[PDB]
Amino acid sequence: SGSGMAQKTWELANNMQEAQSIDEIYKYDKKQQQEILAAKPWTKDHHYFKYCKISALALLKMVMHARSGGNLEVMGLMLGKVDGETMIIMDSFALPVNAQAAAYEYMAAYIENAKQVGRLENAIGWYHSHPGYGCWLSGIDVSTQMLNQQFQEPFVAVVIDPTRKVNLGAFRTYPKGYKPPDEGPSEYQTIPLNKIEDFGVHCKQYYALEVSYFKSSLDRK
């Protein structure tokens, strides 16, 4: 008696509670992110971030963009958030002259599209390709990333080599005059003879993050 109507109400409650849960999670993440962004712990610690988690969707798009330029470098922006000492990359868009108002109004639509599905994301970094020479930061890249870790902070620098298999680097520059300890050659990389000087010179002015990869519930399509 009322068995059929009970099933419908139970389905409806299940759906209504999912939406409410999604909204609660988004709101908790938003306030938790506004907390750290106002706190700015990365301004005091120079080895703060240690991990970089990249979504399979963001990697797909970045690698696709990287490949499309062939022998020529390519660049774009990355969407994500902070989670303690980890930089999470969830999505990315290619770049791209009056002004870069397009790069600013693209960014807003991505954040907004993600908000709908209850995803909290904002500009977390920039990516670019080194077709054939490896993952590291050129002298010009180190100047770029030092400025980014001043005006765009928190901001990560991703470098993809689409020619040579998973050849990606996630990096953070150290501040001007910061002398750190330890050794950082990590994984060996064969870079050309016409780049080794620029490499070796600047290879101490930044560090590598421990890259990890993930497939989200939404990134399964």
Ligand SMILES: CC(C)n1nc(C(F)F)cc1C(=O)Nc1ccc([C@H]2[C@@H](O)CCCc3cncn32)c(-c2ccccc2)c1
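Each form is matched to the other, and the largest set of C-alpha atoms that superpose within 1.5 Å is called the rigid core. Numbering follows the first chain given and starts at 1. Compared with the form deposited without the named molecule:
Checking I88, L77, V74, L120 for C-alpha shifts of 2 Å or more between these two forms, after the rigid core is superposed, gives a single hit: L120. A displacement of less than 2 angstroms separates the C-alpha positions of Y48 between these two forms, with the rigid core held in common. Residue displacement note: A103 has its CA displaced by at least 2 Å between these two forms (rigid core superposed). Remark: with the core as the superposition reference, the CA shift of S212 between these two forms stays below 2 Å.
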Given for the second form:
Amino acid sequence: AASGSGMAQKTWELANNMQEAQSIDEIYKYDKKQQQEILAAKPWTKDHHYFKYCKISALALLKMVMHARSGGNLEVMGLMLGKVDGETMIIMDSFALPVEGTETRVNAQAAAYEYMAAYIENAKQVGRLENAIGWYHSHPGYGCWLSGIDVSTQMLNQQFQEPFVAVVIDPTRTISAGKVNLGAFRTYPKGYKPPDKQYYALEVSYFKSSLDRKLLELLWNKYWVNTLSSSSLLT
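Same protein, different condition: the form deposited with the named molecule bound was shown, now please give the form deposited without the named molecule.
Since only the chain itself is given, any partners or molecules it might have are not part of what comes next.
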């Protein structure tokens, strides 16, 4: 019973310190009006430390995790959707870039940011559109941080794609239902030396909307079933 899917979903929710909320229901700090005054004001572009916070939906987290896990020891890659509410960036959704490989990365500086921006460009202005609030890739066993290419890529993002964030994730290990290894990062412009590194880490929190729940259930189901197919991890 505690070995079943639901008790596992609950354990995993607990280890990750989630919240049950309304998308607001305290999630948003700011009311719609003052959300828009900030959106229009663009308090970043001036303060480089402006964004101190990142909040990720259970849904977007789970899909990312499953993506990173399915990809194995290959580094996988994807984008993320969401809204900026003040200094807090909110990721409502995530998904997988159709093109997996490191040649879009290692072979040139801007290659990855260009694929990213062209995909986005196409994925709005035509069907279903978006607002893309960042990108994510996996560091399967070397942990969560930014490589030189992560950093150059994220800098191009924070020039052209702003607001944008880079999410790194390391699916390996972590028990069965247990703390995700994740990080969310922003770069600094080419000059910046706020001298008390070219990037910094936001503070990540997890939450789940009330309409996430059935999807969350099917998804977590598949995820847990595939957990059971490789095991002696849960002993």
